[PDB]
Amino acid sequence: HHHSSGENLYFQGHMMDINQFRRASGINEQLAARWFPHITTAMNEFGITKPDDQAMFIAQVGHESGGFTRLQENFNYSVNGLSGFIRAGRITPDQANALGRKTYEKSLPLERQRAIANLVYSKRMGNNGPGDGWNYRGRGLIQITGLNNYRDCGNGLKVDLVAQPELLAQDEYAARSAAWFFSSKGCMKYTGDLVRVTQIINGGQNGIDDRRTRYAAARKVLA
Amino acid sequence: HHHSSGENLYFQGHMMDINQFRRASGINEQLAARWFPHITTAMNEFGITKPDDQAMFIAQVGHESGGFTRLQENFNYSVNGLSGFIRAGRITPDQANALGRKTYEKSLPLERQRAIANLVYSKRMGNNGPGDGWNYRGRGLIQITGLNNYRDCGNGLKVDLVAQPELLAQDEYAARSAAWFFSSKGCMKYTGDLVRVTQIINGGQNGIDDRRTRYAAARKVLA
Amino acid sequence: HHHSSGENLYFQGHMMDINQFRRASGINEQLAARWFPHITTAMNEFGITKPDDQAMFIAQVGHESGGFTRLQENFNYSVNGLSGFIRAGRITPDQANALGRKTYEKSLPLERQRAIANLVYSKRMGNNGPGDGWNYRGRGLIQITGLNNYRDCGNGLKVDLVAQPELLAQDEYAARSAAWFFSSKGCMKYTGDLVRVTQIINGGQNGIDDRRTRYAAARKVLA
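Residue numbers (PDB author numbering), protein chains in the order written: chain B, -14 to 208; chain A, -14 to 208; chain C, -14 to 208.
Among these hints, one or two may not hold up.
Subject to a maximum C-alpha distance of 30 Å in a straight line, what follows is the list of computed DSS-like cross-link-like pairs (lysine-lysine) [unchecked claim]: (1) B:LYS205 <-> C:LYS35; (2) B:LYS35 <-> B:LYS143; (3) A:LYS170 <-> B:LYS143; (4) B:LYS143 <-> C:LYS108.
Calculated Cβ distances over 10 Å to all of chain A for the following chain B residues [claimed, not checked]: (5) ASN113; (6) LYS143; (7) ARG161; (8) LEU207.
These aren't lab readings, by the way, just hints derived from the structure by calculation. No residue lacks a Cβ here, since even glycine has one placed at the ideal position from N, Cα and C.
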C-alpha cells in the first residue's frame, strides 16, 4: 500500500494562505496582499475557523466594503442627494439646501460635509456632544457608526475607539472590528444561512444577490 | 547580546486571546468561539484585567453556568421534586400535587412551570405582579432572580431588565451582568481568595471543590 | 524570425532560486542553504512578490538578524554591563550587582539571566506574569518581544506563541513572523521608500546606512 505515514510537516501555523484568500474574496493580488494579514489575524483572534464561517465572513465583509476598497462613508452630497436623509427624518429640506453641494460646486468642502454629518447623526446612537456626528461617522469594513457603537466596539477589541475613532479607517482595526462584529453578533450560530446572517449584518436584506454570489464563490474555494 | 529596544507591534488591542480563554475556561472550541467576545467585552467594560481576577471570574462563571452551557433555571419539577420548596413554605402540598409533574408526564408544559414559579417566588425579592415569579426567574451566567435584582442589575448595566428580563438569557447581557456582579459585589477586592469570593457569589460554600479546580486551571493558564 | 510560441516549461513553481537569494542577501553558501526554504516559504505565504518588496524584506531582515545569524537576545550581562538598563530605569544598581556576571564567571548562569530579563521587561509590553520577562524575551529575525507581541504575532501566524514563544527562535517561524511583520505593518505600502520602511521596522532610523547598503545590493540582484 506504500502507506507508512501520517504526520504534519510543521507544528500549527495551518491557516488560509494568501492564494486561497485572493481567490475566495475575488480581489486582485495587490488588494489580497494588502488585506491578507489583517483578515487572517482578525479571523484567528475570534475563532472564525470553520470553512463555511470563513467563507461567509469574507463574502459579507467583501460586500460591505465594496470589494475591500472602502473603509468609511463621506458626506459629499448634493442638495437633492440628501433626499434619503430627508425621507428618514434626519435633516430638513431647509438644512439640505443650506449645506448640500450646489450645481456650480466641484466637491463639497469638509466644513460642509462635517455640518451635514453632525446634523444627520445628531442625538442618535449616543452622540451627545459637539462634533460627534462627524467624528463617529461610519468607518470599518462592516460600518460602525455613532459614539455608543464605537464605545461597544472598543470594549470588544480593547481599543479606545471613543478617543481615536479614526482607527477604524486603518486596515488592522477595520478587520478586527468586523471579526468582532461577526462573532459577537452571533453570525457563527447560523453557519450556511445567508438570509439570517445578512439580516444580522445589514439589519435587512439589502444586496442579498451580491452577498450570495460572494458567498458561493468563497465557499467553492474554502469549503 | 543582540538586544533591540522593546515596543508594541500594534497600539492597544492587548486583550486575552481566544486560545487563552478556551484554555482557562476548559471548554471546547465551539463554546469558546461562542462566548469569547461576550466574556472579553464584559471583562473590558468593568476593568477585570488582573490575571488572577480574570482567572477567578472565568472559574466562578464557569462553575455557575455549568461549563458555560446554562443561562436560566427551569421549573420542570415533579411532585416529589417540589419537596424543598414545600419544606421552605414556598408552596403548599396541594398546589405541588396539582402542578407537579406526574408519572404519566414526560415534561412539564410551560403553563405548569409558570404556575410553580409564580407560586414559589410569589411576593419575594420585590415581585409584586401576577406573573412576576416566572418572568423574573433566575437567568444569567451568575443567576439573577426577582424584580428587585433585575432592577438593580439593570441600573448597573443601563439596560431595562425590568421591562425585558429575558435579555439576561442572551449571551451578551448574561456576560455583562456577571461582570457587573463580580465587580459591584467586591470580588476584585479579594483577589486570589477563593473562599471569600465564593461566599460573595454563592452566599455559601456550595461547589467549592469544583470552583477550586476551575480556578487552579485558569490561574495556570493566565497568571 | 525563427520565433515559436512561448510557454512555461513547468506549471507554476516559479520562485526566486537559491542563487538569487544568496546574492541578494550577501551571505555564504551555508547560510543561504539554511535560510532559503524558510525565507521563500514565508514570502510566498504573505504575498511578498514584487522584486522591490522582496529586496527590501531581505535587506531589512538581513540587517536585524546580523546577516541571518542571530534569532534571539541573551542576558549574559556583567554587573557593569547592566549600566544601560539602569540608565533606562529597568533595573536598580542593587539588583544589577546581585545578578550581574562576576569577573570569575565565564558566562552568566541561566537562572540569573532569567532574573535580569524578568526585571527589565517587568510590567512592559503586556507582561503581567512572573517569568514573562524572560519567556517573552526578544526572538526572531525581526525581534519580537513581550507577551503582547507574541500574542499578536501568534494570531497572525495561527501559532500559539503565547504557550510556545521559543518557536520564534526556530528558522521556519522566525521567517514567517518576519514576513507577517513586514506585511501587517504596511511595509509593502511604501515600496522603494527606505526611510519609511525603516521607521516602521525600527521605530527609528538606527542602522539606516547599513539597511541602505543591503537594499541596494538586493535590489540590484532581484530588480
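The hints, checked one at a time:
{"no.": "1", "hint": "B:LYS205 <-> C:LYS35", "in the structure": "holds, 28 Å"}
{"no.": "2", "hint": "B:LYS35 <-> B:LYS143", "in the structure": "holds, 25 Å"}
{"no.": "3", "hint": "A:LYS170 <-> B:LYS143", "in the structure": "holds, 24 Å"}
{"no.": "4", "hint": "B:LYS143 <-> C:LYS108", "in the structure": "holds, 18 Å"}
{"no.": "5", "hint": "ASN113", "in the structure": "holds, 14 Å"}
{"no.": "6", "hint": "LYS143", "in the structure": "violated, 4 Å"}
{"no.": "7", "hint": "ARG161", "in the structure": "violated, 7 Å"}
{"no.": "8", "hint": "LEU207", "in the structure": "holds, 17 Å"}
When each numbered hint is compared with the structure, violations occur for hints 6 and 7.
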